[PDB]
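Asks: Residue-level listing of the chains:
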Amino acid sequence: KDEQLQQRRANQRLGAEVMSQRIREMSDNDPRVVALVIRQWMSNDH
Amino acid sequence: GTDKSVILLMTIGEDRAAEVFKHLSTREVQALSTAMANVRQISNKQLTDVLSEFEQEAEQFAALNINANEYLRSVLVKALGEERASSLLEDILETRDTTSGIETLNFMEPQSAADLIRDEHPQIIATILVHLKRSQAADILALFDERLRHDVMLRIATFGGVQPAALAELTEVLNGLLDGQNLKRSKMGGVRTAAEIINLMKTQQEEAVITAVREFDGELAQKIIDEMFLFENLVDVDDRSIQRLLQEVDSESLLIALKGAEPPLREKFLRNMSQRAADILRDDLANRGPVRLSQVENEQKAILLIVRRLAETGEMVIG
Amino acid sequence: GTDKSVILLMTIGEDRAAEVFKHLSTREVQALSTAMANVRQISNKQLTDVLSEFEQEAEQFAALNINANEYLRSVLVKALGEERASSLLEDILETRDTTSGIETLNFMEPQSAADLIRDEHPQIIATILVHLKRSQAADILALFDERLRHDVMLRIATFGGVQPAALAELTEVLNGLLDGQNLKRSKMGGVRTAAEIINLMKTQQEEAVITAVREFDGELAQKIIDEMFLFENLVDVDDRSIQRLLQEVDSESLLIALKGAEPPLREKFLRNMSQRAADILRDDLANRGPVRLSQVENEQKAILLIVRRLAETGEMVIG
Amino acid sequence: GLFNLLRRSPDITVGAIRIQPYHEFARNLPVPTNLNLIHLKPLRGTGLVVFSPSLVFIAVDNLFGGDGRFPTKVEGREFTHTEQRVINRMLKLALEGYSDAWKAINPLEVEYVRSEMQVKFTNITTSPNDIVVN
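Chains as they are written, first to last, in the authors' numbering: chain S, 514 to 559; chain T, 6 to 324; chain J, 6 to 324; chain V, 68 to 201.
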């Protein structure tokens, strides 16, 4: 079980590291779109 | 969703988060700054699921939000003109008003605000000014007596912060005064309109009104005269008039003015000189690099003044 | 879980436990210090099961807690500016208040606290000071009369500890005074705002207000003048003005100032001298090692003062 | 009360009580000055609380980000709505303190009914030669 948990953690830490790189390219493409989406998320949270 | 957004902003980086905050509203920016440093939660699955759902929820945000205000401004500029584009942009901006009356004070005319807050205590004036837009505050102090101006400026220099109760009291007071009052004085007809009106009447009445304005104020008369003939009707000037005016136009100043002019205007103005002179002017224009519009505008103004003087003398015509 | 945490801290080591305590709250640190030395329990299975459950309970703590405040500070700095970042950080810090009124006393303005505790017994003043933040206490004593200042400092030197009942009595008394009182005087508009307001009005009013401020206090006028033109608008200075100012700028001082300047500013300022001079300046900048910002700031201030003097004389322009 | 409000340390010195005709009190007052007609029920009549321009100037300066660095300047300037609200806030504490002080000897309730800026609007004395305690 420990090995499976370690493999899952490595995949999470690899795809998230890829995800963090992915979110940077998108925000550089459109910085205001991310802020608008965040504001919409907060508005829907109400 | 706000906690997830704060976590994503924290994981993105300082520069990206700063840019997003600069592209975010005040309340949203404050909430994001508070929540991120306050309590941060990371979920192995829930955060990833939420991020995936957000990334797949719509493609609409990426395009419309990428260019919304710039496209509208460009459309307004290209549609009618610079003067009408400014009015359209002002109306669009005024469509989004402000709740607290203190900010509503900077949409008022400078003199109305100066008259409204002249009698107030100098510290209250100072408090209004740092909350008011800087440009407006400068105009207000310009209209203020020199003693009050110096006193309020000194208070501005050594400001020490307001009690929240006093600020709320001023806010509610100022709201009760401006929310009832109409706050959008429509300004239709300045000097462009006056020049257009003048240009369509008889010559004798034209000279009578311009000399009357000059008697009232020479600067207004000169501004009216400049708005009378802009640097766009030169295409309608006769070839003989262009040739006559070419004798008094400096080559460098003419080239600077025609660097940003329309190609049709340059072609029309290049048919009055010699072929060698036209080739030299074309070569100089091609070799001339980009320059600030401040000097080109001055050169065009000088050329227009020379042309107007020649026409007034009686050695030029139009067609 | 606290006993297990204490056992883990004890088994970790002195340095790791000290770092954790430095990254831990006062109550938590005290509880961990007391429990670990008080009664320590080690379980062959239960402790291992609890440790495994804690290590597998979430991955959220490792990331968000790794960098939360630093990321928020960087985002605030990059978003609007250093001046706005300071206000945002102050608001974020003030979001977490203090229960006991003694600590709430250091969030008050120094003069308000000095007026509040001036009439108190000198020993009570001294007790408040060692519980108050050192920076605040120093300001309070600065505002205090010299006799009271010396007396309170002497009491501070030879302090001998308070009875818990007296400390609790002072705490409850001080709470009843500050908890009711508003404790967040919002300071909007200092000298940056005053300089911005001044910069947007007419030149005659500008000189009138600056000379009035100088009459009131020369230091405030000089600070306003320095905030008027920061070391970032030099990119908007004309090339002729830059060349004229280069004749009075020392090469070493200019290089020191431009060591930390933006590459665009260095490129703009390198187009006014000779090609050999530009190459020499570039080589000196490349060969120059990192230096403290204290001297670079002084060099930039001297350069800005020289430029401002040249502009005031009438031998420089902007664009 | 002033310490609680202004977040500063005031000292109040009580002057000698003056028993004088009302027109002496009126003429000694400056113009303009905030006058606060108050009802000390069940006592029939109408008392007056007079706040000097200097005091309201000091209070407004302290509340609105001022360390009282500059000298107070009064040139017949009137009181705006914000100044009136600040004076109302001060007068609430003043009336509470006065009622509490009277409570020890004779329990009275103090009601604020009206505020004015000139002297000719109050006329709490049937005749200007009536005697008042200041």
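The hints are simulated quantities; they were obtained by calculation from the structure and are not laboratory data. The C-beta atom is built at its ideal place from N, Cα and C for all residues, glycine as well. Don't take every hint at face value.
[Claimed, not checked] From the derived model, a few chain J residues whose C-beta atoms are all more than 10 Å from chain T:
#1 27
#2 54
#3 64
#4 67
#5 114
#6 191
#7 214
[Said to hold, decoys possible] Computed beta-carbon distance windows for the label pairs:
#8 T:186 with J:74: 43 to 49 Å
#9 J:245 with T:195: 32 to 38 Å
#10 V:86 with T:187: 21 to 27 Å
#11 V:112 with J:85: 30 to 36 Å
#12 V:136 with T:186: 31 to 37 Å
Asks: Does each hint hold? Answer for all of them.
Replies: For each hint, the structure was consulted:
no.: 1; hint: 27; result: holds (18 Å)
no.: 2; hint: 54; result: holds (21 Å)
no.: 3; hint: 64; result: violated (5 Å)
no.: 4; hint: 67; result: violated (8 Å)
no.: 5; hint: 114; result: violated (7 Å)
no.: 6; hint: 191; result: violated (5 Å)
no.: 7; hint: 214; result: violated (5 Å)
no.: 8; hint: T:186 with J:74: 43 to 49 Å; result: holds (45 Å)
no.: 9; hint: J:245 with T:195: 32 to 38 Å; result: holds (35 Å)
no.: 10; hint: V:86 with T:187: 21 to 27 Å; result: violated (55 Å)
no.: 11; hint: V:112 with J:85: 30 to 36 Å; result: violated (60 Å)
no.: 12; hint: V:136 with T:186: 31 to 37 Å; result: holds (34 Å)
Checked against the numbered hints above, the structure violates hints 3, 4, 5, 6, 7, 10, 11; every other hint is satisfied.
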